[PDB]
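Okay, here we've got a single chain as structure tokens, the form solved without the ligand, with questions on binding and movement later.
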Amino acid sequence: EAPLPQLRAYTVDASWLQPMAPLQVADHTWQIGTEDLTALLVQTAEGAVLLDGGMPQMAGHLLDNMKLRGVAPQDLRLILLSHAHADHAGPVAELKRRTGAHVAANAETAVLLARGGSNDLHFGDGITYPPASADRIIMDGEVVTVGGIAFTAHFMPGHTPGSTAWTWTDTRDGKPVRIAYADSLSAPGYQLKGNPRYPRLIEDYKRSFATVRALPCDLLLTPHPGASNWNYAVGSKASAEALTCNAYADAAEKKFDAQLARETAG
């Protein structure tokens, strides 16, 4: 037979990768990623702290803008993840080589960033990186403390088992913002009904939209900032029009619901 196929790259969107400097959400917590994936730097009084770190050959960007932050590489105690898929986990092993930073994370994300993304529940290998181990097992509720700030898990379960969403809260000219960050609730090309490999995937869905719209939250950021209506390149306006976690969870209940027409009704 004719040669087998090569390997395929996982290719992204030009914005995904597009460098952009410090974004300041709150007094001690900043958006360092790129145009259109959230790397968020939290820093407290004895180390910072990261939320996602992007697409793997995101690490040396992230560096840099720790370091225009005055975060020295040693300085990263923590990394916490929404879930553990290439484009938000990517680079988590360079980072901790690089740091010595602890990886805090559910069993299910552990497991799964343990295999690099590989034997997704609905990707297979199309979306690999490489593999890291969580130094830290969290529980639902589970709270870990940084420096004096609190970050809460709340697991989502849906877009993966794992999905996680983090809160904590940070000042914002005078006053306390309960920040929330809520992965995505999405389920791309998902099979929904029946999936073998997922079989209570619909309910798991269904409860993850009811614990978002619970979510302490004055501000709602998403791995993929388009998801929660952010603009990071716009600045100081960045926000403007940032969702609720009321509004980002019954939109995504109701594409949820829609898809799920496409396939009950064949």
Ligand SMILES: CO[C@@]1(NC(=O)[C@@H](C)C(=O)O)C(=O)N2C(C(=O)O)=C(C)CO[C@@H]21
Contents of the next structure:
There are 4 protein chains.
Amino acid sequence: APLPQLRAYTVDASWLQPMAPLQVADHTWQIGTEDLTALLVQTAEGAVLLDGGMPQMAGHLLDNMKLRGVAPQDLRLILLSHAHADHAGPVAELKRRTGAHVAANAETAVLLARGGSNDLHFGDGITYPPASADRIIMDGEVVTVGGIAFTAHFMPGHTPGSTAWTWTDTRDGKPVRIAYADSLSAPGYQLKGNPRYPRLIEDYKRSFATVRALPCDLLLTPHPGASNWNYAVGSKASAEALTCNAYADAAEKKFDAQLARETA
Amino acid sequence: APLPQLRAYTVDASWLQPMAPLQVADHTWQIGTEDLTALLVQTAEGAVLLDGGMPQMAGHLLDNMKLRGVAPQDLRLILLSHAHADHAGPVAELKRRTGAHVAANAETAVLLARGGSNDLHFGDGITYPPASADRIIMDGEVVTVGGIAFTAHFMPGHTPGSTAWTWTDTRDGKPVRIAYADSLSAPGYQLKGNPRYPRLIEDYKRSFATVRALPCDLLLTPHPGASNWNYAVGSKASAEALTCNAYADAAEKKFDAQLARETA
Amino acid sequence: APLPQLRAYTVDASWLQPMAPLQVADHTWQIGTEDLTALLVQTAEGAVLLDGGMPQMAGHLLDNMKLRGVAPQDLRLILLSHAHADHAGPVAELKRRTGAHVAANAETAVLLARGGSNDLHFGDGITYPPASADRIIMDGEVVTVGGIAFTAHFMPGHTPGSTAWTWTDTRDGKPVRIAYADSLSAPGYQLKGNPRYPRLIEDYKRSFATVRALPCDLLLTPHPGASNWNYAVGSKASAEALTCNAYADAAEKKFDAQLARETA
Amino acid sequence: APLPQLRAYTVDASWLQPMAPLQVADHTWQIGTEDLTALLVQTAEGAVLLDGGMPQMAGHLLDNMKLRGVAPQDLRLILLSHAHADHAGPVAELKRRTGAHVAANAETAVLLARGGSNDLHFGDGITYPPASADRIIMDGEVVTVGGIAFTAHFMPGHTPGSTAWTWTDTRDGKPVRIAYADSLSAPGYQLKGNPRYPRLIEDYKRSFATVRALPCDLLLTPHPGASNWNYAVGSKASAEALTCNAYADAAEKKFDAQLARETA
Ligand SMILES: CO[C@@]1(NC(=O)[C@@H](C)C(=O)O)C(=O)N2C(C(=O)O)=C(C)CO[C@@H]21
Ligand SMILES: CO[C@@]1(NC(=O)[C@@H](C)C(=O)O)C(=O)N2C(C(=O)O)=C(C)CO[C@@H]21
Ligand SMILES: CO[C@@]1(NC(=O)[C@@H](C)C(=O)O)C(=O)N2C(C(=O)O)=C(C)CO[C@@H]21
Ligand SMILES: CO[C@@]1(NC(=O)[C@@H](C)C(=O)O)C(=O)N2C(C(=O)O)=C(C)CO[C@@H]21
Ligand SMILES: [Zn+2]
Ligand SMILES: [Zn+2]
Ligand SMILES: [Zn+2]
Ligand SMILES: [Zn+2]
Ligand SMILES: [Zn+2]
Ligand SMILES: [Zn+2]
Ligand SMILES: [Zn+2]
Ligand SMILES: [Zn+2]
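Follow the form solved without the ligand with the form deposited with the ligand bound, if you could.
In what comes next, the whole complex appears, and the chain from above leads the way.
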């Protein structure tokens, strides 16, 4: 009886369904797929990319950046929510083909440095090509590119380096405060007494309060369904979107019920 | 039409067929599978592991080390031939569970650091968990562990960091010079005018002469069939084994014919 | 007028005054200098080193380990308080000459990876040879070596990766709870509105409460004077030592006065 | 008697004497100091920097790039000769403040990754802030930026990753072939039987032949005096400059005499 074969990381087909650039604000564009968020922010001095999706999406992101008139050498910075393969997949290839830098916190940098291997909950099952972080950022730090200020807010939980990014854009000249909050889920995580993450419950709870207090007029999440975004219906995508309170309060109820069912 | 799914790195079943420790010399043991070489060298001050095989072989290697009376903390050093997933797969997990160090040259270290991603010929198709090299070694350098001296011989070709290791063991008190030479194949490689490896032909040719001149009374290769080793027949495994000249001369004939067919 | 010359990191002479192993508990030994703490813990399966001091102390640490009958290959693990040159200096050389692994959190790992360069407060003025962390640890995680359990407690402040280590030893068979807390000082730090560390005050305050609640019957600090340890007087070294409450309460009073004087 | 203090890396004052941009060709500019070469190549799609000099020269390089009308975000690539502190010093700071990428071979990347520590000949005496290489290049590989092609030529000797860069510029429309060859010196190196570099003599000899055959109409070196460049006299700087043959033949005579005196 031979040893088992390696198994690839397969996802839903909608996660890999490419879409054209859907506009969020005057400078913010969704250029990922129907079920994976990849945000582009075009400024006067360059573009900024927030997350990238699956590893095989690198070419699709570049095609959509070309549609927005953004050349590869115009991408200045890559920001991340958390360093899992379904969000930070193409980061390594994007750095090679765009000449961009990656800014992330220490926890996301070390997870990105080993390509998602030795995950606290997933082990080596979800692995992507590794990449290095060029700039380490702290909680509440401000990253400015082309006059647009990106503020990081640590929200540990899904990964130890989970980060929410908030910035202020315009919509026909009216200022809108966009908050890109990371996921607050724990799919199959051992919450109680996890040796690889002893203070996991304290971090999740403290992150729920963090998401509630985010300066936010419009919320987006790495998975659009988590905040009731529907990238497929085009104009009416943000119709039934959730608030920061509604998103954090719904996520905490799921966390407590899962925590209660774990004690069984 | 969605983007294609990720595909895993599947191999022949014999590459994953575990085997018990087959003895090579007084201190050298094969503890891998039937078609993947993993050499253990037990010394008075600790053990040395040469290659590890597929990524899912980490547990099998530890079980065989236990059969030889080698505890995890007794593995002192990990040496490599080249940093591909079918040879350096479990290196990252082995470092975590054994407290061992990895010695490799600059070219193998950087390929091991990115887990085989961005391969010169394979791209991101064959990816394994990344690991870091603790000690960088040069061509002709001597690594000593427990009185046994391991000499490295650079043989660039299959990978830029392909390394042959030679050491002198005993067999019932009689000194035997064991040479562990890396593969000299180029499966699907573009040999002529490869932009990622311009001087590839010069390196292959120079490596053929290197393998011929290795101090060698017994030759082993990462794939046992490359030197006509048959780990399955136990005692008669080294019966029809090849010499250093026979192995290099057969590999060069295949390289030239492939090079001639490439010009077509 | 030429550009200014590089200036080395010079310290007090007592920081570099070697001392013989002074015993703390049945298994805990101070093997550093008179004004720099380097703790050795000898277990049945190997030794553990906590901090190392200045970069030029690597040879002195090895000599003292030899006096305790600890061979270089017997050092299994290196633990750190924070990755500054006066505490993590010889870590890179120690890893080369002992075959030991380093366990630290993400923030200490990335600072250790760049050798103290690009410090949040010191820039590139205090730089030491870089080293890599082999195992990343989380807050409250337990590291066990030879039956002795080391519990990490994150106390961000002096550096973002400042860590206190607590373990339970014996003293003539009587269990003693030793806590090795990191420094709580801010020599020349901008506390209010520091762009490289926006939430610095929140981390310092939260760390003061962390140090107070440490399970501790005997406290040691990277600088022995910070807890009124006097390694020079031998037996009477722990005579006037401070408690966890006394150490945290004295450090907070200095932090608030410095914070009040900063607002001037 | 306390342990000795750390000593900084002090150099000649002329190595730190800033100079204004002296023009080499239509697109090539020397923007370093009087005795340290730092070459800037302005193209239509961005600038390229070859070497940077001492670590404290980062601000001077940026000032000279501003004089050439090159903004920090316009520096696309950093190329190196070898990763010593007097040539790759400011690379880490330049990457932070310019958003540029670094391309170097495996041997230079690993030396740059540890900031010059654990040098084969210098140990930890010459240490600079570490930086990471974004793109690994092979011997004879071509790097193109803005239509200007940079060809790498490995010349191991001074360091294992010593690289000569050759490109073709214009001078009033007339094509000039510029070769930037690395140093061929061995100041205090043990040449014969060096355990850290066993095949050092073979690499030096093979590199002498490499420098002779470089396509070169104008030669520059990291230290301008090595090729009889005098950056101080402005226009007449390249007056008494050496050829590729003259530079390699003079360096080999010094190597053989030093090798003969070493055998004494
Ligand atoms: C590693 O990627 C994830 N997990 C998986 O794909 C497998 C392992 C699974 O358990 O379903 C992960 O985390 N995601 C999230 C998230 O909320 O971030 C959700 C909702 C589920 O999908 C991705
Ligand atoms: C990356 O692993 C290898 N390649 C593959 O598995 C695929 C990609 C394939 O082309 O067959 C690779 O190289 N090997 C060698 C070797 O000689 O080293 C041989 C003989 C073929 O198998 C492994
Ligand atoms: C980087 O090393 C330190 N700082 C210096 O040496 C210079 C920069 C200085 O400002 O005096 C640092 O932090 N230490 C601590 C500590 O409490 O950790 C104390 C008390 C002061 O000494 C070391
Ligand atoms: C590490 O920097 C160097 N060495 C020193 O500065 C000290 C250590 C010294 O031995 O003089 C080094 O190599 N250089 C070269 C070169 O040719 O590259 C020359 C000519 C001498 O200066 C620099
Ligand atoms: Zn995820
Ligand atoms: Zn996800
Ligand atoms: Zn291979
Ligand atoms: Zn193979
Ligand atoms: Zn400090
Ligand atoms: Zn200190
Ligand atoms: Zn040099
Ligand atoms: Zn030099």
